[PDB]
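Next up is one chain by itself, shown in structure tokens, the form solved without the DNA.
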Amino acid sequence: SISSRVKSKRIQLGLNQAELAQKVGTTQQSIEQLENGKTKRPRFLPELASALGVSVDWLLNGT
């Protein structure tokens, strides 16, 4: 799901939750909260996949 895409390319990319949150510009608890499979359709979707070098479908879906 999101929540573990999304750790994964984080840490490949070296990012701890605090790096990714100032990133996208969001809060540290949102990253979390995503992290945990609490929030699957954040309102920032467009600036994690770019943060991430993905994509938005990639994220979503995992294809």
Contents of the next structure:
There are 2 protein chains.
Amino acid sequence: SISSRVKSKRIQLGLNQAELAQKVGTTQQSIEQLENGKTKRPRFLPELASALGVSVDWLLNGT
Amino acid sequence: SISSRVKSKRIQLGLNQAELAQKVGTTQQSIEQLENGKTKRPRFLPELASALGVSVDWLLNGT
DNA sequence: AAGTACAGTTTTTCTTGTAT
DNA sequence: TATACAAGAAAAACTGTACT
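Moving from the form solved without the DNA to the form deposited with the DNA bound:
Everything in the complex follows now, all chains and molecules, and the chain you saw is the first one.
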């Protein structure tokens, strides 16, 4: 699950939704939509993975 | 641009818009847009880099 | 013909405001 | 202070059809 994956990586970077949104260059509301199953493929997918030290690949299919 | 990059490697791989469309899970129409510069951030980005045998970063950033 | 682009409509993601 | 809801705008998707 992408939402579960984001939520877990950010909680563990010890970031907040708004703090993350900042690094990713988006809004808190986008982070939530993502974290809450309202978005499958955000436009900020690349930056987000970059801001989580992960791979777009691990986010989408966690592999 | 990403457009540039996509169009090149498409041709370099000898693929047409519709056969890349099928490798990536999209429609040629969605391909023509990205290529023709309509679309800024295609959702199939990741599927695309795999198909074009490159990376998301080079695709969006080149280098 | 076969490959590419155009158009209208619809789905999805964003944005901004707010409520728990 | 942190996260969730929600209505409308916008990006971008689809289907169909038309260039070349």
